[PDB]
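A single chain comes next, written as structure tokens; it is the form deposited in one PDB entry.
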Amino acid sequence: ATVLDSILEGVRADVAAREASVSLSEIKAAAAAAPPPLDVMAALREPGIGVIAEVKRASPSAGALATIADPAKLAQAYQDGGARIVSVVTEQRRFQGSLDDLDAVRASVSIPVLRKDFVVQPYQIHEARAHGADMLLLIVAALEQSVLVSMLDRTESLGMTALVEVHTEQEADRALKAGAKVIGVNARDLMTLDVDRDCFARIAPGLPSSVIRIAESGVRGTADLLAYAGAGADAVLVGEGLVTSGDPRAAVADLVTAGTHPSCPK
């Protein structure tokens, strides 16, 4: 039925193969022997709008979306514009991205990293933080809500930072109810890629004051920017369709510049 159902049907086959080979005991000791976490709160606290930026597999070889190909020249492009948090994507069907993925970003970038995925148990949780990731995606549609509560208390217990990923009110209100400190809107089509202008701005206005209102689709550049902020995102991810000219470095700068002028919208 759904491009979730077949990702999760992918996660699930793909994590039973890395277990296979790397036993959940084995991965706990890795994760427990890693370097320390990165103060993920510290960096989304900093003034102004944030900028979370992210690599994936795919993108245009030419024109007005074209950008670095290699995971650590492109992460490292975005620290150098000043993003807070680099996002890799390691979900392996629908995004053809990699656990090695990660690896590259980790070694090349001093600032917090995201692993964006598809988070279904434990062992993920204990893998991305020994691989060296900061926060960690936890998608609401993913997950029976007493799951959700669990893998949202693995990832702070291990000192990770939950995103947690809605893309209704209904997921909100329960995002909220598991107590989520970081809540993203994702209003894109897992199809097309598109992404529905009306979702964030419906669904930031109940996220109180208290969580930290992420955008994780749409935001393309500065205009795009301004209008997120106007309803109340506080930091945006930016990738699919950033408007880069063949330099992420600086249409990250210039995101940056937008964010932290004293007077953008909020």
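Just so we're on the same page, rigid core means the largest C-alpha set that superposes within 1.5 Å between forms. Numbering follows the first chain given and starts at 1. What changes on going to the form deposited in another entry:
- Looking at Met41, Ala69, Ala227, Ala30 after a core superposition between the two forms, you find that only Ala69 has a C-alpha shift of 2 Å or more.
- In a rigid-core overlay of the protein, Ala58 has its C-alpha displaced by at least 2 Å between the two forms.
- With the core held fixed, the Cα of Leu242 is displaced between the two forms by 2 Å or more.
- Core-superposed comparison between the two forms: CA of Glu169 displaced by less than 2 Å.
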Second form
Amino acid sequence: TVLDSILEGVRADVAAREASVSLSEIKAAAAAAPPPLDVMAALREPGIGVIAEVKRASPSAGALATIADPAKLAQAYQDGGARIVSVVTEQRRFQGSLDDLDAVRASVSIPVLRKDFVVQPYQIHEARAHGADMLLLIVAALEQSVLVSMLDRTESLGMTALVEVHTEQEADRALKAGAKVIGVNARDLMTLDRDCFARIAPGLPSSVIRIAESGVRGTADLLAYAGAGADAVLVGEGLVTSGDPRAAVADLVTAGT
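Would you mind generating the form deposited in another entry now that we have the form deposited in one PDB entry?
We keep it simple here and write out only the one chain, dropping partners and molecules.
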């Protein structure tokens, strides 16, 4: 599948990074990093949280933006009222890197989500070492035992897992794994194509934070997700392509007013 191809590339890239920066070294770096921010507290703040994303490109969109200065973009995001900044760090298909994560972490006070394809423990310590407070885990990409393992390790480092699902059954798996935050991706990663959040959201325990991860083109989309019980929404394409990201974020942040 499309997701399979991405994971194959990811596993090779992770292995090459590990050859130059050992697991022992990255574990030490993670342990030495300032503790992660309380992501759950951020997600529980009043109002629909906007998770604004740094993303240069994607399999579905192709090239979106050059983003020569991801730190400056993230600063605009925070200025606009974003709750969390998402930073894509996958290089082959999204043209992101850990350098983007470093830049953003140094530039904003809000929590930072590492958006990548996490398949092994190295990437978790790596995320923490580079200042991530939140880490994406993709149910479609992970066998249940692996998902549970990855989630446990994420939380052991003080980070919050954004557990991404595309189906009700995946939502059920996520809950069983101990997910406290569930994101719904309207895109099928196998093929790149729902009505998803609305179908899936109602079934989640009230205690679990619900995030709509895609399809936000403006306030109307955000409000529709909110009406279906979203606690936050993730927005990338519409922001990275904006000439005025601060204003575009502020518009979404104040949606419904």
